[PDB]
Structure formats: structure tokens, C-alpha cells
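A.B. asks: Here is how the chains run, residue by residue.
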Amino acid sequence: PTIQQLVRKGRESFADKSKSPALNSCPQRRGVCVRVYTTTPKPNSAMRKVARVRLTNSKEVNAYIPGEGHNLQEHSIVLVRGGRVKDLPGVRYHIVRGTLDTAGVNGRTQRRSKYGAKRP
Amino acid sequence: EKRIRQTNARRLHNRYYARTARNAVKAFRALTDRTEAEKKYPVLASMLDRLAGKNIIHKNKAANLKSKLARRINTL
Amino acid sequence: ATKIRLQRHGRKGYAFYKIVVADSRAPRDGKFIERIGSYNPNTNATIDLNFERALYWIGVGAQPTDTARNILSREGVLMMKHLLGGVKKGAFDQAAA
Amino acid sequence: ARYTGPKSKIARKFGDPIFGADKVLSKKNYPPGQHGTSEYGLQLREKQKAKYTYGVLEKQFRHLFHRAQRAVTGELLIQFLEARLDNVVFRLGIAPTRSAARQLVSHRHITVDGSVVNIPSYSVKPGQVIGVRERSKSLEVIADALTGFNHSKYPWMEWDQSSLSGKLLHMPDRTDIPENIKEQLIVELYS
Amino acid sequence: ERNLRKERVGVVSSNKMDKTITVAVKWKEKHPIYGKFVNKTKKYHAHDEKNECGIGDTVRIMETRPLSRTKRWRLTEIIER
RNA sequence: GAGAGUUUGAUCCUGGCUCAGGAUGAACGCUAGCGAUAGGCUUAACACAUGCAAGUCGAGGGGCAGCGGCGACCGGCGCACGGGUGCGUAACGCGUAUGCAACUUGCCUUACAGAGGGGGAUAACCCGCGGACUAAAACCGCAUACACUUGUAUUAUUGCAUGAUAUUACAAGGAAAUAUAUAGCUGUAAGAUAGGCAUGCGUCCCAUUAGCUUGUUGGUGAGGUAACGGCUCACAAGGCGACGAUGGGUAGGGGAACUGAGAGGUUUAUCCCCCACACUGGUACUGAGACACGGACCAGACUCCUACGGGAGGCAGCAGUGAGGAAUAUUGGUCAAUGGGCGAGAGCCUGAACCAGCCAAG
RNA sequence: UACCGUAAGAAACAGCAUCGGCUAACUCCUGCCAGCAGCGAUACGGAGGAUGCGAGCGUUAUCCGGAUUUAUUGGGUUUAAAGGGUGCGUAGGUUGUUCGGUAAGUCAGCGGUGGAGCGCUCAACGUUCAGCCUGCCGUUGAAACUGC
Ligand SMILES: [K+]
Ligand SMILES: [K+]
Ligand SMILES: [K+]
Ligand SMILES: [Mg+2]
Ligand SMILES: [Mg+2]
Ligand SMILES: [Mg+2]
Numbered sequence: 002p003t004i005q006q007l008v009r010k011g012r013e014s015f016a017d018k019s020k021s022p023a024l025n026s027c028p029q030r031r032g033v034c035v036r037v038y039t040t041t042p043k045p046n047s048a049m050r051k052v053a054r055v056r057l058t059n060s061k062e063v064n065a066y067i068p069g070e071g072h073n074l075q076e077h078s079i080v081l082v083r084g085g086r087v088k089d090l091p092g093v094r095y096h097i098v099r100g101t102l103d104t105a106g107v108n109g110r111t112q113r114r115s116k117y118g119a120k121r122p
Numbered sequence: 008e009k010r011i012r013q014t015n016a017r018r019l020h021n022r023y024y025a026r027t028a029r030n031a032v033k034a035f036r037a038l039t040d041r042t043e044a045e046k047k048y049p050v051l052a053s054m055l056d057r058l059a060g061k062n063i064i065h066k067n068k069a070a071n072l073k074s075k076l077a078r079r080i081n082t083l
Numbered sequence: 002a003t004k005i006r007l008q009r010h011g012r013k014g015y016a017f018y019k020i021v022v023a024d025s026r027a028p029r030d031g032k033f034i035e036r037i038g039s040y041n042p043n044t045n047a048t049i050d051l052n053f054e055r056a057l058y059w060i061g062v063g064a065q066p067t068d069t070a071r072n073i074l075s076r077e078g079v080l081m082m083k084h085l086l087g088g089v090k091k092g093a094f095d096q097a098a099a
Numbered sequence: 002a003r004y005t006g007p008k009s010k011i012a013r014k015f016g017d018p019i020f021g022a023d024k025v026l027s028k029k030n031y032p033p034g035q036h037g044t045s046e047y048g049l050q051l052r053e054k055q056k057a058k059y060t061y062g063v064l065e066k067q068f069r070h071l072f073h074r075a076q077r078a081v082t083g084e085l086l087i088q089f090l091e092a093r094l095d096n097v098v099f100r101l102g103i104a105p106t107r108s109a110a111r112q113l114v115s116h117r118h119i120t121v122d123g124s125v126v127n128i129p130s131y132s133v134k135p136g137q138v139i140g141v142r143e144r145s146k147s148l149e150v151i152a153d154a155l156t157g158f159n160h161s162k163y164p165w166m167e168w169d170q171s172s173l174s175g176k177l178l179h180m181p182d183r184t185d186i187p188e189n190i191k192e193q194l195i196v197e198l199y200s
Numbered sequence: 002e003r004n005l006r007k008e009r010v011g012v013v014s015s016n017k018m019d020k021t022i023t024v025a026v027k028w029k030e031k032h033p034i035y036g037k038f039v040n041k042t043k044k045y046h047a048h049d050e051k052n053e054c055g056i057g058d059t060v061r062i063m064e065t066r067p068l069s070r071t072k073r074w075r076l077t078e079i080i081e082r
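Residue numbers (the authors' numbering), protein chains in the order written: chain j, 2 to 43, 45 to 122; chain d, 8 to 83; chain c, 2 to 45, 47 to 99; chain l, 2 to 37, 44 to 78, 81 to 200; chain e, 2 to 82.
Honestly, the hints are just simulated from the structure, not real lab data. Even for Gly, the Cβ is constructed at its ideal location relative to N, Cα and C. Watch out, some of these pointers could steer you wrong.
Heads up, incomplete: computed chain j residues facing chain e, CB under 7 Å, no partners named [as the list claims (entries may be wrong)]:
(1) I4
(2) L7
(3) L57
Kindly generate the complete structure, drawing on both the sequences and the hints.
C.D. replies: As C-alpha cells, this is what we get:
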């Protein structure tokens, strides 16, 4: 545009959206397991364990449960962090293992800190 | 309690003299006779100056009142 | 009143004081009118001082604290008694001792 | 922290004898592991070679690098690495290897300008005296490394055996320091 | 040996009010962002003891104490009609 | 002062997305030796109990019932600072630069003058919320001050319009503190310090916000104020707006700090300067100075106790505890240092501050 | 600061198919993993070795740069997003050539204001001076260009 056009109007800059809006600019939130169910991936064909959780920030979302073997159930207090799964539409949050009701993965000897397992 | 009592006593003391001076200026403001104004001015000026130097009112306030009353009596 | 005092401008365990001219109502390390020197009690005590400005402020009537008064007693700032023209016109030299 | 691990593995990884002479330098000389390269690989090898041969960790190495950049950058980084208390003690021959020099400096055995300095990373400026402690001039281990060996092959150390002190004349140029390190690779990696 | 007060040279924009006038001061200044030179105008209120100023006049005004709610300037000279 | 991947069977463009870097008063998982130096409720101006945080002067006075000094009372000074919080506020609030010939200023310094004479209550005490006598550096006249204020001048000199600074006069009026040399007291002036008012420029979005205002704009007079002024009170009509008035939403503002070659940008975590506030509103009072942070009165929530007649608190000072939350500590020591308040000094006080304790902890 | 008697009391975490530094064997053949190309194995789980960093190592959340992804410096509109259906015209923006005035923009001067050491045994950190004030204001001059 011309210099006078820029003087009259100016330039407008948008705002980048946050990839985890339900956290409300927090690292982790606390919730209760409203529902525990299983979903199918959008060329994978697995059975991924998910929980619908109502967070304390007045919001309900879906959180994936990483690892093999979950002791969670309905109406369980869990810690929810960011991070999405590529081959699953919907879910965009993870459940921290080893915190609150969620227990660490049993029989883990590698990648222990990502699944909350102590040194054996 | 001491502060409350001191403030009440000092408030009454200040109110006494401030109201007396205000009534004096109000009474002087209805005068008509030049000789009466001349013989009533010095006691009122003395009372106002005593108030000002006594810190019930301000020196500039007393100066303004004295100037107003003198300029009034200079024109009957 | 206007004072001559020291603000603690240093590190924990190492006190370094700034000699300033400031109002008595100001905070200890806050606002000041003029900086007139430094002070370090850790050495064996190095003192920086603006002689002319310290004389000017002690002449216009800034009241120094006890430690600042001792600092002004050193470096011969309290020579206003000799500079008051006490039935004389020459200037003595006591700095050599 | 410190490496305090196996040294022959690093020696066989890098090929060069950074720590000194060993039989494994000529017998079974190959990178370690039962299973044993891009320019990133060679640059990383060079940087790790410098770090392992001088006993410096990553944060200290980066601080040294950008200090040299602030004040050829790769040329004077090498002399900055050489100007260290443990390295200078080792080059004076009073201690056998650089790890031994580091331990000697860390313990109360080495003085700088008559005052004991036990930080084994203290930069030594030119025209300074580094000497053994007067209370530790009669140790069984302290004498065989200096006396007898008597290399004195560096034209920037003055030894003065009659006082057991030593002096650094000036920072040696990049050609006179016997270290097989390509500083261009490291400055390119960190650039 | 006094201090100096602010002086503004301008053009009379209104005189319909008694004993006071409005002065327009216009100047060209550089835009902060794009660097172009744009025109700006400001309006002052001035005190004139006589309604002797018509619409449009190069005049000078000087800063004063508050003489009214919005009146801080006084007339000093008339450059031209 | 640089890049990598990713649309195709394979290209060259366009364009978004995703990684790679740097930084957190961050939280979580696993695992933890030491020292130094920083930092520590980011969620609600959320609720609780206890203790401390602002006192000092016996060189002011009546008393000693207490062995010298002091419980308590009257009186002087201070508590408007230090400390805490960011609700509110797009505003001369803030930043920058000025003006006041429209201003005020305790304590401090210097210079010039003076401290002469008197009288009421009244606290405590005593006697039963009532009765009587008491002292002053408490309170209030009288004498004096023409250095001050007011009014009328003369001689000037000189400004930026309203005028300002000095002299030479007459008139009226206005003070004090003495105590055991020191500590002091009063008036005036200058300085210093601290406030107040007014200005030029800069200061977030929305026109799915286009007209706004009726003391609003100006003049005359009066009152009021430390002071100019519609600040207030008794003709003309105006003023401000597409250079964004008005209305709505959201923010305390700067230096810092972080981060970009630069252009700059982001954000006020510690620190410093200014502003606003003290459960919510209204009014003031006392003071040199008040949004009165450990002062009132009244009206509203809310909470607590009585013994039903009556009373208390506001935890946005420092520390326990509870709740909220992903998340942030001792109901600790000392005034030894620095800084404050009072005191002639000695000295007393200081949850400011110095320190220590706790916390993967930068 | 000094004295005994001892290595004695003191190492984790992440990832190793490409981008990237680092590979054998056993499981599973769903359980799983992922920043992307995706693998469901030189990609999943364990065992052995390897490579980073290191009293830390990773995960999440927030903010900058690469991004020129708002482009004054520094982007575009035939076909990728992007010329109004076409004119007339208000405010606004721009102004052929030349001779003089002025001094608003512009330029210049003068004033006011707002790296080298030393000490931490070293370093972070404290502290001092050389060094910018290049923002604002006042006051003197210049006249090529813009404005009048
Ligand atoms: K000393
Ligand atoms: K007072
Ligand atoms: K103290
Ligand atoms: Mg470390
Ligand atoms: Mg198209
Ligand atoms: Mg067309």
C-alpha cells in the first residue's frame, strides 16, 4: 500500500492461539475421571485407552492414558498435562502416571521417569 | 482514649473562637455608619489577628478578611 | 530534615555504603538529593568524599548521623570552625598530620 | 562434576594418546563397544576430544568459548584452555598427568604468588609464579615426576629447580602447543 | 532578570465570545512509524481586552495563569489581518 | 545478521503447519554430596487464633502509694515515615520539559530584634457514673514589636498583561519559657527540604460506538481558598467533535529486566521513582502536613461474645492454621551494623533492617 | 589456620531407523510408540553395549528470534488469497518552469537536563573511572530542497 494508506489504516497483527486452551495457561490441571473408555485410531487399528475428565477449571476434556496397564476407574482424581495424539481426533491431553490416583507402570526398567516408575 | 479526649477538647476550643470571629464579621458586615465602623474595626482586627497567630485560621485568611473590611469601610 | 547518611549498597556479608544527602523521611536505600561519597568498613576503611559539596551541605545545615559525622571528622570536613574567620585571615594546614 | 571413569576407552575412541602412554594404544586400538560419519560427527568428536583432554565440562567449555569470542577466536580459545592451574602444573612436570595435577591443585599443595590456590580452573595470567607448597616440598610422589624427568621442552615455562617454583613467560602461539585439535571445527560448530 | 513564558504564533479561528479568542496553531511534523510528514493543529484560548480580532489573523499569544475554566493565554501582537 | 522437515509418480512456485534454538519468582516424574550468592501465594485487595509491629521525655506539672527513680494522669513531639497491596483510574494519573508577577512549608542552618506584667477552669487525688480544692513550657487577656499584616501615600526603578522590587511616613493590629554555662522560648527575613496548582509533546481497542454538553463556554460582581479559577452563588449565549467528541470494554504508569544486527518488541518476578488504597460508602476533626496503616462519628454486609439489659473485630504490617490451587517457607534471634522516632546526654523503642531456619535450586 | 587416620562417607537422567551424536540378541507380531517422514519393527518391551549432559536429566505451560507469517527499513493482487460493475465528486494526499521575500519543515553551532582496573582463594557477583547520552528544552546562525 501507499505511505498515506499505511498512515490512515496501519497494519494489524493477529494473536496465535494456544494449543492447550483448557489448561488456562497452567502446566498441569487436576480433574476427576468422569468416564473411562476406549477409542479406535483414525491406518493403525488399535484400542487406545482414554478418559473423559472434568477439570477443576470448569471444563471437560479427553485425556489419553499412556503406557500398558492402567489402574484407573470412573470417579478418579487425576493430573492432566498437555500433549496430543496424532492418529486420534479429539483427545489432546495426557494423564501423568504416578501422580494422585494414577499409578506408575509396573515392570518398567527403561524410560522410567516418563511413566513414574522408581528404581528397582 | 487520650487522643480522643484531646481531639474533642481541642475541637470545642477551636469551634468557640472560630464561631465568635465569624459572628463578629457577620455583625460588622451589616454596619452602615462610618464612625461606628471606624470604632468597631480595631477590636475585630485584633480578634482576627489573634486567631491567625493562634493557628485557628490562616495568616493569609486573616489578611484577606482585614483587606476586605478595610476596603469596605473606605467606601462608607 | 536534610541529613547526611549512609545507604547499604553492597552484598550480603560485604557492606558498602554510599554517602548521600537525603531527606530524613526518605527510605534508607531509596531517594536522595546528591551523592557525596562512598564508604567501606571491610578494609583497613577506605573513604571517598566530595570535600566541596560536603562543606556546602554542612554549611546550609544538613544534620549528619553519628557515623557520617565521624567520616566528616576524618578528612577534615569539620574545619568550618577554622573557616569561620575566627579573628584571622590565613588558612592552617592540619592535613599533613 | 568429573569424568572419573575409564580412560583407555576414550583413548581408543580418539586414537590419539591424550592421557599418555599405554599398551592399549597399540594393542586392541579401536572405538569401544561390541559393535565397533557426518561432519556433525567429526565436529562432535573434535569438541569432545578437547573436553576430555582438558577435563572441562560443557557449560564451562561454552563459557570459555564465548569469553574467547568476546576477547582468531579459535586460536586464543586453545591458549585459554592451556592457561589453567591444573594444565600449567602438569606442563611444569611437577605432576605426571593432568588428572594428577588437578588432584594436586585441588588438595592443599599448590600456591600462586605465595598464596595457596586450590581451584583447578584458575586462569593464570602471564608473569605469575606457581609453586609447590613449602609444607609439601618433601612428598614421595611429588619429586619423581619433576626430578628425573626434566623434560623442559616448552619455551614458555621457567622452572628454577632451586626454588621449586615456576613462571609463565607468555601465552604460547597456536603452533607451539602440542595438541591435535582443529579449532576451526569447534568454532564452526559453536557458531 | 526574570524567567520566560511560552509563546505561540497562530491564526485566529473564533471571536464570537466576549473578551476571548481562539487561536489555531498548525505545523508539519514527521510521522513516528512511517516517517512521512503530516499536518497537525492545536487550538488555544486567549484573552483579549477588546473584541478587535476578526476571523483570521496572524497573532502571537503568551502563557498566563488560569484566567477562566479554559483560558491560559493572552494576546501580545497582531502580525497581519 | 544461518536453518530443517512437510502437498507430487516426479518437478518449480505459493502457503500454512511442525520441529531445532534462548529465557522462566514455573509445576510434575526419576534421582540427589557440599559451598557461595540470588529468589520464594503468580490462585482471592479469601477466612481464622495468638503474640509482636510506635513510642519517648522526671532538664515541663501536680503526686510517690512504690528504693534513687517511677505505676497512673495533664502536657510537648512523633505515629501523614518506615512497612503492605494494584481494587479503582485512559486521566495533566504517568513520562519528558517548563511556569507560579496566582502558592504553602513543622523539624534544620544563618542573620536581626525580644522574653514585661496577670487571671480562670481542669485531669489525677479525696469523698460516693456524682460533689469540692488544685499546678504549668496546659488555657486566655493586658504591656511592647512599625523587622510582619492591613489601609492611605511620596520618591523612584523596572517588567510578561493582570504589575513587581525597594526606600522614605502616618494609623491600627498581632508574640514569648523558662529550667538544672547548658538545654532552650517568641517575631521577622534568607536558605535548605517537602508539598500544591497550571502548562507543550507522548500515552490501549471498538464507528456491529456520530454527535455531545445546559455552570456547559465566556463576561460583571460577590463569597470562599495557601492560591488563580464556574470552585460556588446572583447577562450573552457558547464550547468540543472524522486530527475521532461522546459512549462501551480492558489496563496502575515509568526506569529496569528479557529478547532481536537493526527496526524493535514483550513483561513490570526482585530493585528504584510517581500514583491509588487500607471490609464498603459519607462527613469531617486534630494537626506544619491526612486516601488518617495499629484515631473518630454515622450508615451497610459479615463474624464473634453476652446473659439479653448490652458490647466487640476487618488478618492489603510480621509470623501460625484452614480453604482455593499444579504450586511457594519459622507462631525463629538481635537492635551488634545501617536508617528512623523521642530525649541535654546516657539511653529507650524499632516483625524497618541485619541475620539464621525451610524449599532441585536460578 | 592447625593437628590424627582413613579412599575411607558421596552419580543420576535422557536417547541409540532419517533429520542426529549412539547397535547385537531375545519378546510381541495385538500390546504399543511418536516432533515429522511414520514403524505395526537396525522405531514396541526387556537384556548387553553406545552416545549426550551431569547433581542433574527429561515432560508440560508461557514469551521472543529464525517468519519477510503485516513487509517504513522489508511482501503482494492475469491464472495460487487479493482491482471496487462504471463514473462524477467532498474531506484528504501529491504538485510543470522561473524571479525574489520569509523561516514552518530541513541543516549547523552553543548551553541546560536526563573497555580498563580493584575486591570476592577463582567465578557468578560486588565496586571505581574512563566512556554514550544520539531523548527533551532554551538560544544563536544557513537557505540547496519541501511549505507559505
Ligand atoms: K576497620
Ligand atoms: K505537628
Ligand atoms: K539499631
Ligand atoms: Mg553445577
Ligand atoms: Mg484467484
Ligand atoms: Mg475492472
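A.B. asks: At a threshold of 7 Å, is the proposed contact between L57(j) and chain e supported by beta-carbon distances?
C.D. replies: Violated, about 43 Å.
A.B. asks: Classify the hint on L7(j) as holds or violated, based on whether any CB of chain e lies nearer than 7 Å to its CB.
C.D. replies: Where the cut-off is 7 Å and the nearest Cβ of chain e is about 5 Å from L7(j), the hint holds.
A.B. asks: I4(j) was flagged as interface toward chain e. Is the shortest Cβ-Cβ separation under 7 Å?
C.D. replies: 5 Å, holds
The earlier numbered hint that this structure contradicts is number 3, and it is the only one.
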